[PDB]
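Chemist: Working from the sequences, and respecting the hints, build out all of it.
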Amino acid sequence: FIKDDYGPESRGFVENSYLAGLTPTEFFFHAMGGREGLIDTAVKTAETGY
Amino acid sequence: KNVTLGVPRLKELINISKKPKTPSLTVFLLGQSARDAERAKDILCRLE
Amino acid sequence: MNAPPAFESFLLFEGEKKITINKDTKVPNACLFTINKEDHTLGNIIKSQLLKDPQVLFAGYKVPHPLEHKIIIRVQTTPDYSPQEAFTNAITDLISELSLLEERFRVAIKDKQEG
Amino acid sequence: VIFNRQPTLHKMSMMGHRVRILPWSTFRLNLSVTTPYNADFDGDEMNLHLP
DNA sequence: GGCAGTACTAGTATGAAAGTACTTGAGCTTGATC
RNA sequence: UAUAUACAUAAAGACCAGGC
DNA sequence: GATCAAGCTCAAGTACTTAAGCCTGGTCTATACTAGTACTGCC
Ligand SMILES: [Mg+2]
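Residue numbers (the deposited numbering), protein chains in the order written: chain A, 810 to 859; chain B, 1115 to 1162; chain C, 1 to 115; chain D, 456 to 506.
Calculated directly from the structure, the hints in this document are not laboratory data. One should not assume that every hint holds.
When the alpha-carbon atoms are kept at most 25 Å apart in a straight line, the in silico DSS-like pairs for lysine-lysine are as follows [unchecked claim]:
1. C:52 - C:110
2. A:853 - B:1135
3. B:1115 - D:466
4. A:853 - D:466
5. B:1115 - A:853
6. C:47 - C:23
7. C:47 - C:110
8. C:17 - C:52
9. B:1133 - B:1115
10. B:1135 - B:1125
11. C:47 - C:37
12. C:62 - C:18
13. A:853 - B:1133
14. A:853 - B:1132
15. C:110 - C:62
16. B:1132 - B:1115
17. C:62 - C:47
18. C:37 - C:17
19. A:853 - B:1125
20. C:70 - C:52
21. C:47 - C:18
Modeler: Right, dumping it as structure tokens:
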């Protein structure tokens, strides 16, 4: 992407559905949004248990 | 207005920590300053 | 290490009766058959032969659990027709069907070869 | 038997059961019972304490 | 043939926590004395 | 003929990997 | 009436205690220094 692109594609909006398949970058951003799910689930359990 | 919720807010109430991440105070207005936005912004300037 | 023997499905050991007949107290003329070491092959034939008998009000089977091999067949007939008679006529009627099918399949073979 | 799964978050995660003995190697339990223990069947394990 | 020195082996000796509570130091106020 | 061979030992700790 | 000293309170800095539950596997566990004993070489 070009510097200072605030458009929907550059900032992570994925316009494809799992069926048509994600394009390369949308695959990476989709992986960045899923890492935040894995991390929370690993962190919160040890706090909710203490 | 971003406030803390979920488990991070639960440690605050339980531990009764002196300094919460997000202290907040809701304020209600009595007279005509409640209905009018202009009369309200006046009190708004007095609290800030 | 706990896997049951393969033969344990179709073989009876000492003391197990093949069939066990217990009357059913909920209902008049209702009987409940218990067949050890059988499965849906045998149970389904009979049920479907009992429902042709117009003097049979109810017939059905179930395998209580798949890991233990037995069938449980409830039969309810009309008065003055015994549910043990219903279940015997069912078995003799299949034998008279399957003996007719094995003879008709042998004729179609000889016809089929060189004919 | 009493029957457990860790961690025990509330008290529905220890409930007394009534044994029935079946072959092969795994404890077997009704599917409605998988709501309290919060256990789905993929490689899970559950303790058994015989009073 | 015996004694001394050196080497080897065996045993013994030693960045990317956070928060709360307590203690110490400094500053301010009051009292006493000149 | 009688009588006898009865159970104990694999330490503990450290880090590492995985499971739910 | 003013100045100095003492006492009390407040704020800041430093130190001490905790960070999920159960379970299965594996690999690996001192080194260095000193003292004593044995063997070899030389007188
Ligand atoms: Mg699971």
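Chemist: Run every hint past the structure and note whether it holds.
Modeler: Quick rundown of the hints versus the structure:
| no. | hint | in the structure |
| --- | --- | --- |
| 1 | C:52 - C:110 | 33 Å, violated |
| 2 | A:853 - B:1135 | 18 Å, holds |
| 3 | B:1115 - D:466 | 38 Å, violated |
| 4 | A:853 - D:466 | 21 Å, holds |
| 5 | B:1115 - A:853 | 24 Å, holds |
| 6 | C:47 - C:23 | 18 Å, holds |
| 7 | C:47 - C:110 | 34 Å, violated |
| 8 | C:17 - C:52 | 28 Å, violated |
| 9 | B:1133 - B:1115 | 18 Å, holds |
| 10 | B:1135 - B:1125 | 11 Å, holds |
| 11 | C:47 - C:37 | 17 Å, holds |
| 12 | C:62 - C:18 | 16 Å, holds |
| 13 | A:853 - B:1133 | 22 Å, holds |
| 14 | A:853 - B:1132 | 23 Å, holds |
| 15 | C:110 - C:62 | 40 Å, violated |
| 16 | B:1132 - B:1115 | 21 Å, holds |
| 17 | C:62 - C:47 | 10 Å, holds |
| 18 | C:37 - C:17 | 10 Å, holds |
| 19 | A:853 - B:1125 | 12 Å, holds |
| 20 | C:70 - C:52 | 24 Å, holds |
| 21 | C:47 - C:18 | 18 Å, holds |
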